[PDB]
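So this first bit is one chain, no partners, the form solved without ligand ADP, shown in structure tokens.
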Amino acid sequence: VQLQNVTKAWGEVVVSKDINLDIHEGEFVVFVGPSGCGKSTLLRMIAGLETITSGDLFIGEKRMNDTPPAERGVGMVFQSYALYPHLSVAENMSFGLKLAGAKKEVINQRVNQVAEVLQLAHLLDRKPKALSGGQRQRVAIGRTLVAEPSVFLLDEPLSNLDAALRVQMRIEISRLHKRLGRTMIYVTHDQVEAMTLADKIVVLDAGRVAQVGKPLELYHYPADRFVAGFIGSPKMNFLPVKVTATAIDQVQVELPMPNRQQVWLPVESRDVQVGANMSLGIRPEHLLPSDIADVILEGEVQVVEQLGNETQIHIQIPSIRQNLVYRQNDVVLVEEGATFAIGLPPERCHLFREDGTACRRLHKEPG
């Protein structure tokens, strides 16, 4: 699958801004982004359930616009297509293969193959009325798998991320991937779901693509403020800073606290200009226990959460509007109202310009 300047608009309203994507075979892709960003319309377009106003959709290697959705090789899981009561799980899954003209031979052979990957063999000849919710969901997936598609497409489960039925879905999805290894495209609004299942993630915002990449790439190198705060929770901290110097690929900024300390960041530096007002980002997990000298931020403890596996502190630093959120492992016994100090590692900091674009990190990391 490959997208080329694909756009979707009604009259003059643009819901999908010329999207460019390149999905390599076998990849598990997930479209993520806030409500109404256009993740589902984009999916439906690939499926053929919505028209593409301009642009090219390549599936396999050949243009698929103009081609009937059935002959594209794509398969969408129709989450709301009610099972045909008074029909066996097998009859339901094979139903579609009937009007098409398939032979009992292929039918009762492709039905036994999907019946294995989805664990339904022992439920095949059963009435829907006797199936649980968790297994009715699987019959739907099996329904789209017997048509033997080359691109599996699934949209957001109308469930609710902790809703048992959606946890099932999530496990089945990954199981199915590590089994057939076929190309898949999933849609969700939940950042965690994305970081968990994806091979490649495409963050969407206001109909445009904010960024595309591996989970770890989005994590360590967000291209802008939006992505920086969309992946990871609790959310990245943002502190206001001013540029005071510039070397080759470095950039020295000044911290807001009194005594305005200066720190160098291994950042892009391309075009910055001394005196500019920028935004410095540092994730709560990456702050340090302050035992380590260098740059130290200090305030008064506003909140303390003991979660067992870790501890989250909310500190209020004098000369910063929003509370700084700290995160460490195990205990760390502190009382509200007490003064707490934490370290600021320049190698783990991010720098964002006025447009919110990130002045690239030059550090190195695991993926």
Second form
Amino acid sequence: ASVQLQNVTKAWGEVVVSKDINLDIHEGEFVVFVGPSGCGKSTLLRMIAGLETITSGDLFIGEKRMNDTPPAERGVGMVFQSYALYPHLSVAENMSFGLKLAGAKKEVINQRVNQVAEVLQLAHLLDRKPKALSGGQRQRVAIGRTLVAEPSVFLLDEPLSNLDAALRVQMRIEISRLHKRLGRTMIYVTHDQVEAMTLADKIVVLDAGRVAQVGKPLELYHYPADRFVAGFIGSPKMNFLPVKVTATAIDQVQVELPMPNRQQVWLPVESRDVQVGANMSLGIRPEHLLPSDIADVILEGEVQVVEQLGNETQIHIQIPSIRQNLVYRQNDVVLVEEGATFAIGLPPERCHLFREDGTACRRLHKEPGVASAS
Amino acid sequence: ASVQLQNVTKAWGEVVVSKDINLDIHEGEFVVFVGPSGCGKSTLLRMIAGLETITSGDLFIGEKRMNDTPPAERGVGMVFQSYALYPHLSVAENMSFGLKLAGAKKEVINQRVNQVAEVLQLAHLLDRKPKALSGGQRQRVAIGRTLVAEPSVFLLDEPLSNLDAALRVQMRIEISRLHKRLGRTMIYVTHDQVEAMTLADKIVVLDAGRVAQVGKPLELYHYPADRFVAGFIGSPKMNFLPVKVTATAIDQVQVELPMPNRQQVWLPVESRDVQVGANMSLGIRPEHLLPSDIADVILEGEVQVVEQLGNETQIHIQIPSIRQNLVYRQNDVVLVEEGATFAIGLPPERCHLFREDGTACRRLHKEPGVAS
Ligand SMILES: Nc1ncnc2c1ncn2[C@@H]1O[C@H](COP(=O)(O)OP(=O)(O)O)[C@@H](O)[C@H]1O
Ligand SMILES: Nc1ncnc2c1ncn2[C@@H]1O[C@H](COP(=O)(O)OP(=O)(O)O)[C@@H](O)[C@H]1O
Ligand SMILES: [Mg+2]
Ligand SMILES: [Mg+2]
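Form solved without ligand ADP done; form solved in complex with ligand ADP now:
All chains and molecules follow, beginning with the one already shown.
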């Protein structure tokens, strides 16, 4: 139902957990806050819910400033970690609970419970106390509540945390579908980049309380704004090679690889604030390294680890030119033994470049799936 | 240090949490017990550790029957999501909860601790306290303490459960390396098939207390013994199409697709206990469906969902021929909009076939990475 944060800031004493954050969440939008451990995801949700105060800035749900408004009068529903049910209430009861304080026709009440039930996989245990173990089921009960009561805005704090990988996976699809049906605004929080990529219309990456970047999944993936975002989004982390810039041009930067071979390569990157001799970080995703049959900039090394996963093979390589190890991903099964000498290709159009301050030199290579000029 | 379970069974009253389980774990082997929620993973570890009794069958650690043996005299060390150290802190000081309290000399406690230091990536922090945050390394010292214990076998129950996805990922690599250095026996337990695939030399899949199957990751992946294993191993679940067998032969079975087109396809599968007219389940992994440029058995439908993940694209399709939706995985970015009509190819050599009882008709197509 439209949520806006304007220069919102949170301070506990003299520390700042949330620094001047500006976010514009539109109606029906599914937004995900992503970031490491204590980057401040929960604090944000809490400030939006009113379970925490906004030391500065304005919060705006719908069209009204909610800063000073009781949590129950904001039009938000929330679910988190390992939510606790009302022990005396049954699953069905612990599910129609919130939709009840909101006053609702039993027809609706039941309609929703049963719907949400046969989705979160619970219809068979509506009649039963929260001592339905499994915790993974109680958590599902916790979520259903918020789902059955359809708050104008959903605030879910790591809802899938207590589930098995298999369940966690099905739940995502379920939450996605759920979002397609009812088109309400939802702010979701995880520490798992995959959930983000999978659920969001818009992702907001948090780093130590600051907003590192905001944008569509593919935007964050093809064009991370800085090293932090670049190493946070991407199942197996992006590779980073320390390089030295040896030349610049318009819409093009040349750097030399740490290889005692010091091969120089031109990268179709921004070239803005970048001077010759500067030390930078070259970034290349494991999926984007090439088989090697494709010459032009080759890296050869010793296999340290080989992960056969059936659908793909992840190979860890030790490139003589400074340890690092380089992680490579090739599709399907690849037969290589540890200790073997493996080579791969470095594709310029696919590289990222970060200045010492960690900021990125905007990539000029057009990537599919992202609105681009031309 | 070699662990063997022979017809081990556990019963709580009249229920059976562990049913006649037979496992042969070799020296230095890294074994993972995988299964859903309460499939019985913890009970198994506990029986091996001696924190639970074996209602029947024999347990054998090394060469001796441990059934009736106190937990502390079995040569096992057990770790479970609960890393704790000492308030007096200090890496070197820690890692010796046992060594110091029992003399063991002052030259020995140093060699063990120093042998799990740089020999674990922790020598440059041996004299460092957990006051230097280090979260993932503080996991390595907790482990290190268990290690310096020199246990014959190593137990671990969902150790990565309390970590962020990012940490969870690095920890796996760490635990793998750790296993490469010291080559002790380790029995690991998860509910996450990915951790299994990534860590194990041998995986044992548990279903409601029974052992659904034992084998190398690729064995379980290319050749699941039954529908359960087939739908448990594989990031996005394997597709299942209800089919009707229309003909058999030696090392070959023909079935007809539920398509009102009822296209018939021969599958290089076992063909053992399988009669014409029988209803079966055709299994095909999302990664194994083909682009379509490759004709021969094509399925066309309406896109329901499209997941752009940067490294790959997962497309959910509605095939007219009976709902089901079919999940497809193509590498890199694929530009398709929901509602679009997309087609894919069905590769026979890659299909699985399950009898009504859920058992699999052994695939005959040779797959890479699996002996035989
Ligand atoms: N009431 C509080 N008082 C002091 N510090 C707090 C409080 N609540 C959270 N913090 C701190 O702010 C950070 C962010 O916590 P949140 O719990 O916001 O993090 P995340 O959801 O990203 O893990 C943590 O480092 C935490 O110690
Ligand atoms: N002390 C106990 N008393 C009765 N049943 C138990 C006990 N411990 C475990 N169980 C049963 O065994 C099953 C498996 O639990 P474990 O705790 O073995 O499972 P997992 O680690 O796979 O979640 C549960 O479904 C539960 O019913
Ligand atoms: Mg939190
Ligand atoms: Mg357990």
